[PDB]
Amino acid sequence: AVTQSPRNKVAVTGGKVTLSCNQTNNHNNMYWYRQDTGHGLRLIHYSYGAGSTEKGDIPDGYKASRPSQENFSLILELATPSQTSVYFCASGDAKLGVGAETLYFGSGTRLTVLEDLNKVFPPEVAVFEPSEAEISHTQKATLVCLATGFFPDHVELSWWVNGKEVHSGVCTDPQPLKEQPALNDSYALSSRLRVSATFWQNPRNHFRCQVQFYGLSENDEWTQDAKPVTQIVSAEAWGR
Amino acid sequence: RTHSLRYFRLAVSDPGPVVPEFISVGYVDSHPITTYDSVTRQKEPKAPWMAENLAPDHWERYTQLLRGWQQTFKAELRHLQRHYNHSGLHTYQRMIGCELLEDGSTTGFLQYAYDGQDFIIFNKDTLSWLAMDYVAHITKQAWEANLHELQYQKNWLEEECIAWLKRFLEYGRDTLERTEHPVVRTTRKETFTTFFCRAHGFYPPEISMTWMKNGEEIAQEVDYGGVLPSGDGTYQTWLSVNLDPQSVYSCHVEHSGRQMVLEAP
Amino acid sequence: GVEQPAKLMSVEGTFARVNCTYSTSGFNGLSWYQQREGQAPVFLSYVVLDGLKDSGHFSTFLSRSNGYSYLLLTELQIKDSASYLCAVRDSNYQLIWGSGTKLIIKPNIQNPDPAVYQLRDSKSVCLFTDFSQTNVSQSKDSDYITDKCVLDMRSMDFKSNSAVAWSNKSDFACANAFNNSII
Amino acid sequence: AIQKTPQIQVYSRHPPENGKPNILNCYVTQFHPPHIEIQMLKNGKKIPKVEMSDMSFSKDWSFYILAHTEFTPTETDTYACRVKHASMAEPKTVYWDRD
Ligand SMILES: *[C@@H](C)/C=N/c1c(NC[C@@H](O)[C@@H](O)[C@@H](O)CO)[nH]c(=O)[nH]c1=O
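Chains as they are written, first to last, in our numbering: chain A, 27 to 266; chain B, 1272 to 1536; chain C, 39 to 221; chain D, 1156 to 1254.
If you're looking for bench data, these hints aren't it; they were derived computationally from the structure. Errors might be hidden in some of the hints.
To be verified - These stretches of chain B come out as covered by chain A in the derived footprint (C-beta under 8 Å, 3 or more residues):
(1) 1314 to 1327
(2) 1414 to 1420
What the hints assert, rightly or not - Take a look, some chain B residues computed to stay more than 12 Å from chain A by CB distance:
(3) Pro-1286
(4) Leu-1371
(5) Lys-1395
(6) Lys-1411
(7) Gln-1424
(8) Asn-1426
(9) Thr-1446
(10) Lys-1460
(11) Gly-1502
(12) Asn-1513
Think of the CB as a built atom: it goes at the ideal place given N, C-alpha and C, for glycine as much as any other residue.
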């Protein structure tokens, strides 16, 4: 229905960031919100039709344009760290009056504006084998994967057992703990996978912890030493 | 007494001169307060007591809504002309508003019109739309398919609309409750004799004129001209009585507590 | 303009009413949205007249004069643990968004076996599994404690409360009596 | 589709006085469709200072407009108000009467 591009972005202070939105629902109204911890959803710019563009509650430092009916891009001419937020694009049918409007939100866009891109670190995945005390006691393995030392938190952990993305016994931490609370803090995230010991006894069961990291795009500058670009890091595991 | 707030909308399929494609004008007690049309693309106050009490934010948000509502309203005219297989010039009109009567009993109305004739009428008590032709029936079933809207309509027509009106009447109470007394004179137009009793320049458009025969007899063979507007915000009226050379006529005029009796030669 | 709680707790399989109290100038509607962690808000219910909207697996009440509405969520499961947003429409048609209430659902465990295991690394993390009233706390020195998590092994009726604590060396141990200290 | 014949009413804003300046009105009402042409006349010629009010709405789905030109009445000069509307195949002219 409603999609957003780019899904994640890591910009520098004083850069050009264009967050575009596209809709399939034939709606004349499209919006741009930002969700921050203390405040609720706050409007930035909206549009009631192709070409028309109006201001919202926070138009400071933000520009928007609706080239076609289906597209309403949010332009950040001069990027600044105070614009780091998760942005949401919405839609609404203008035929249902102006009061009964049901906003159809697109998925988030995690934007992070940094002073120096040298702080962008990719994660390090470590997969831990179960305990024999668990198998003798619970008869369920409860494996654990740790992804430590990544910044920003634009990551997504996923388990891939024998080529299939399992979602049964997976409870990944929803919020990644900061390594130490000092501004850019190189968060780490944990996740647990709890399979039956029989699934662990067979040495043919292949276990893996995949962490997708959304970092610097290829159209960046990393002339110093590493290139922490968008990559997938995983650590494998086998049964015993 | 009674007070009302109405918002009309017009859509024509031929934006000719002196008639824009989309017009929307609000009225309070038959007095223009607001205006919008596709030529200006901006909501503006039609009364000075509207521009002084409504902050510049109220003239910036409702413009955006009207700009969106303009696209919707012109779209609905196209959709109807398809159902009727109509081409050329056609009118799509809308009336919405409430009126606050004396004794507190409020009402709420919302109805559409196509080519001057009623098209569909909303019932805030039954939460349903009334259709006049089969095309209006297809509209009814589509509009009655989003209960979020019908319930929204009832709230505005009953709660929200009155709050605006009470707010609006307090604004320009000096103008809406003004009192200007008439200039009443009597003339003589003989047959090819008819006496005329004319009043001029009264703002409260409720004035009584009764032409009295002898000392006490209401002349029943009289003619009446309505309270025509003048242009300066005042009104005017006249009344005639075909006389006969009898061996005494007097015009009785009362307006806002000023009663005046006039001769008649 | 719109005020809302920030937290709510209720047992799995029971209900939870989430409140909303607006102070807008006018009122044209009240809409509830569900936003769940990384996902985006999903419309739930819209209410503009006074009364209760029996939508089935949930309900919505509105009091116009009091300026108050609550969402009654029933037959709760784990997937329903999210944040709930109420937005009200201004007299000039502006959505005033609330701060959102984070509803957390307690996983009812039929066999609480509080046991802390030590996972070998193939680095020794510590797992605190099978502990609802057992509240965990991020604790101690600079060197890491996580919070409770619910995994629903769909093969069986298993739903275990797990937690993982690790430290950068420091010669810590899984048997280190933590501040939670459920014992 | 549906056309309602307009109602032309020519009068003066103030009591007429032959020699004293005044203003002559033309109050056209109860007409639909809203497209209309109004011309005021003086002894046959077209008065070029006709000022028209903004078109107003009515509860009965008709429209009304007030057209007015400043003038100076005499005992000989005649005035009228010509209106052209789709409800009529020819323009209708109404002359002013003072009495
Ligand atoms: C600004 C004062 C102009 N308002 C205006 C309106 N206002 C009423 C409108 O809010 C309701 O009709 C709507 O909520 C119900 O759908 N209506 C109108 O038709 N034209 C106007 O200019």
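Evaluated hints:
{"no.": "1", "hint": "1314 to 1327", "verdict": "violated (count 0)"}
{"no.": "2", "hint": "1414 to 1420", "verdict": "holds (count 3)"}
{"no.": "3", "hint": "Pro-1286", "verdict": "18 Å, holds"}
{"no.": "4", "hint": "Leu-1371", "verdict": "21 Å, holds"}
{"no.": "5", "hint": "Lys-1395", "verdict": "14 Å, holds"}
{"no.": "6", "hint": "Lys-1411", "verdict": "15 Å, holds"}
{"no.": "7", "hint": "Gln-1424", "verdict": "8 Å, violated"}
{"no.": "8", "hint": "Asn-1426", "verdict": "8 Å, violated"}
{"no.": "9", "hint": "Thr-1446", "verdict": "30 Å, holds"}
{"no.": "10", "hint": "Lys-1460", "verdict": "56 Å, holds"}
{"no.": "11", "hint": "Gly-1502", "verdict": "36 Å, holds"}
{"no.": "12", "hint": "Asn-1513", "verdict": "56 Å, holds"}
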